[PDB]
Amino acid sequence: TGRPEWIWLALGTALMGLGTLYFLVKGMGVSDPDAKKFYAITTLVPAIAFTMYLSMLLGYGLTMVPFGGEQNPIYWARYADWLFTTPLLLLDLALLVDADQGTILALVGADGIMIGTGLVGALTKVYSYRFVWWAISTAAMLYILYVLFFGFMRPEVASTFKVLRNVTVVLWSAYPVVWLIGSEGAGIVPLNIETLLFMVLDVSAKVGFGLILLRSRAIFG
Amino acid sequence: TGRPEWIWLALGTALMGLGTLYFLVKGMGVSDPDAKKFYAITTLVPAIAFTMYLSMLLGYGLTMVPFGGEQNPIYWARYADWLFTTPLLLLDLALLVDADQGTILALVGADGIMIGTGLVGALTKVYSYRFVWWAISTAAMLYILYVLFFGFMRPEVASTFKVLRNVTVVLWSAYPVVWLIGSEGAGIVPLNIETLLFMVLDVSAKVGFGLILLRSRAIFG
Amino acid sequence: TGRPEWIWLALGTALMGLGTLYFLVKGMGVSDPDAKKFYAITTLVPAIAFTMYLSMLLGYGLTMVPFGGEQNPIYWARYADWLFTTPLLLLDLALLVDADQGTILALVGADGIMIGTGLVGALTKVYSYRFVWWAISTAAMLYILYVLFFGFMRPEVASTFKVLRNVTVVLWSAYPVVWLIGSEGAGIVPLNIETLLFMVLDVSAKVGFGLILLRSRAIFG
Ligand SMILES: *C/C=C(C)/C=C/C=C(C)/C=C/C1=C(C)CCCC1(C)C
Ligand SMILES: *C/C=C(C)/C=C/C=C(C)/C=C/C1=C(C)CCCC1(C)C
Ligand SMILES: *C/C=C(C)/C=C/C=C(C)/C=C/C1=C(C)CCCC1(C)C
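Protein chains in written order, with PDB author numbering: chain A, 5 to 156, 163 to 231; chain A', 5 to 156, 163 to 231; chain A'', 5 to 156, 163 to 231. A prime marks a further copy of an entry chain.
Calculated from the structure, these hints are not laboratory results.
Just to be clear, a hint being listed does not mean it is correct.
Below, a list of computed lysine-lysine pairs in the DSS-like style, where the Cα atoms sit at most 27 Å apart [claimed, not checked]:
no., chain 1, residue 1, chain 2, residue 2
1, A', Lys30, A', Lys129
2, A, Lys30, A, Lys172
3, A'', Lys129, A', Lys129
4, A'', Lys30, A, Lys129
5, A'', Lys129, A'', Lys30
6, A', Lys129, A, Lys129
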């Protein structure tokens with residue numbers, strides 16, 4: 005199509021689809037309720053991302069937001085994605101360490117705040133205010149990372171939890187930077203490069219994360 | 005009103021309302037926590053449908069979607085309905101057989117994918133792509149039906171579960187067909203007939219299903 | 005800004021923010037899982053309200069709804085707020101008295117119906133129908149209050171539950187009145203006064219309620 009980021013949307017669509025079918029095949033057989041739980045959550049994540057990548061690819065998850073006296077193309081469908089997939093990823097983590105419900109509610113709630121404010125930021129027509137929403141969203145992220153480190163077993167659990175937690179902090183932290191420097195933000199880095207950055211992070215945080223998780227014996231009772 | 009499907013919207017509004025008041029009266033008295041659970045879920049379903057039928061009746065849940073070079077009237081409020089009511093119906097089933105949380109999450113998640121993609125399909129302005137969303141949605145449905153049959163007691167539970175599961179597969183399967191042949195799809199069958207088909211399915215899947223369920227002793231500890 | 009209700013939006017933004025930081029500091033230290041649960045829920049409430057107050061302040065949560073042959077300014081972001089915060093407040097109550105899941109599902113479901121119909125009412129372009137949605141929403145509220153009184163311990167639990175339940179019925183009941191007499195409704199009381207009324211209720215129902223709750227020992231095992 006007439007959009008140069010189409011290739012990354014198509015590649016992300018493809019990789020999320022393949023990841024979904026892999027984990028779907030993979031989870032065939034599992035009878036342990038606990039593992040079943042990790043398979044459900046972890047397959048749903050790239051399944052959802054698959055549809056939102058397709059929606060961006062086909063142009064449905066794309067809108068135009070006027071700001072800085074111009075018509076800026078915003079892929080809103082990333083937030084419909086993250087809205088659902090980021091809490092699920094946090095659940096994987098939470099279930100791994102047997103977190104209190106209070107801590108899970110704090111994380112999921114913090115998360116919704118993170119994406120929803122990111123969304124508002126993305127759709128806001130007053131340029132300056134866009135970065136107020138960014139700041140609040142980033143504060144929510146920082147709370148989440150705080151909890152992951154100070155708000156929380164079988165060594166297998168701990169070992170896998172430590173790895174995925176590290177994967178999580180490192181990739182999740184890059185998203186505010188990408189946003190801030192890309193088309194939604196200061197407009198430093200073009201949309202096509204921004205889309206590639208998000209595709210590389212999304213596949214790693216979704217399919218990379220799930221591969222690490224689902225190969226672990228930490229998921230079995 | 006100037007819409008010939010108004011009669012079916014009015015009749016559905018009426019039947020969902022009556023079903024809600026019946027199950028509300030019916031559940032008065034119930035102290036068994038387990039049955040209480042089935043009453044809550046099963047009353048909420050036509051209550052929600054009642055509001056969405058009223059919203060379509062009054063014209064609020066109706067929008068115009070350009071495709072095939074025409075202004076197509078789409079009742080989007082059906083998806084706000086299903087978004088909430090189809091997972092609840094799946095919960096009735098899941099609680100009946102004491103399903104693992106992993107299986108419940110897979111079903112609810114599969115379900116959201118089903119309706120959300122149906123919604124995107126419904127609102128998509130490129131005619132051809134409408135049926136890509138249909139296909140994905142249908143794949144989600146097929147997964148759900150798979151799980152209902154291969155992903156899962164007191165004989166009462168089994169007996170009622172077997173009946174409602176059969177009701178479920180048969181009516182849920184007709185919805186993709188109706189969509190595909192009606193105004194959202196190929197435009198084979200007019201909107202007023204399509205609305206009647208959906209009203210007959212919705213009342214049967216909601217009020218018919220609940221009557222069968224709530225008369226059963228399968229719902230009591 | 006050019007809006008005379010800005011001061012109340014700014015004051016609400018401020019008070020919700022301060023309430024969020026107070027309860028966040030306050031909950032530092034808590035290790036009792038049960039109390040943790042009450043801290044999560046109760047901090048999230050004004051956190052969410054903070055963002056929606058900011059969104060109204062900045063003008064993002066404001067839209068124009070034509071009715072009565074005029075362009076009526078509707079703050080839709082109040083419903084995005086309530087959609088999440090009113091169920092959470094009901095959870096605080098529900099967890100306090102150890103409510104059955106059936107009763108919690110009935111309350112949360114009743115609640116979503118309440119706000120969602122309030123939203124539809126708010127955005128409806130046919131003046132008369134606006135009050136049909138109001139009536140249904142009010143019926144949902146009345147059900148909720150019914151349950152709080154007839155649908156349900164340590165004396166501490168009972169004592170705090172009795173107080174907060176009284177706070178709840180009294181403030182929640184004023185919201186339908188405010189709506190009905192203000193800009194969304196009959197247009198009796200101007201928007202700026204309406205916004206002040208909602209700001210006073212919101213801070214009391216959110217921060218006032220949380221202060222009463224979180225000072226109680228009812229929240230600890
Ligand atoms: C499945 C994809 C994942 C793990 C995406 C994570 C996205 C975030 C952690 C986003 C955070 C952002 C902020 C902290 C600042 C504002 C903009 C956002 C939403 C990109
Ligand atoms: C309360 C009403 C019920 C049980 C409705 C069920 C609706 C479905 C099972 C819808 C499925 C569809 C597809 C599988 C294809 C795409 C379009 C849909 C959403 C009509
Ligand atoms: C955090 C704020 C709270 C507790 C807000 C509560 C709001 C309600 C109880 C709203 C109810 C309304 C109706 C019953 C009638 C229609 C309009 C509403 C949504 C204002």
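For each hint, the structure was consulted:
For the hint linking A':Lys30 to A':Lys129, the alpha-carbon distance of about 45 Å lies beyond 27 Å, and the restraint is violated. In summary, the hint linking A:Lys30 to A:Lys172 is supported, as the alpha carbons are separated by about 23 Å, within the 27 Å threshold. Under the criterion of a C-alpha separation no larger than 27 Å, the hint pairing A'':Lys129 with A':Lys129 is consistent with the structure, at around 25 Å. Of the supplied pair hints, the one linking A'':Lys30 and A:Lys129 is violated, its CA atoms being roughly 36 Å apart against a limit of 27 Å.
At most 27 Å may separate the alpha-carbon atoms for a hinted pair to count; A'':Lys129 and A'':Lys30 exceed this at roughly 45 Å. Simply put, A':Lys129 and A:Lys129 have alpha-carbon atoms about 25 Å apart, close enough for the 27 Å limit, and the pair holds.
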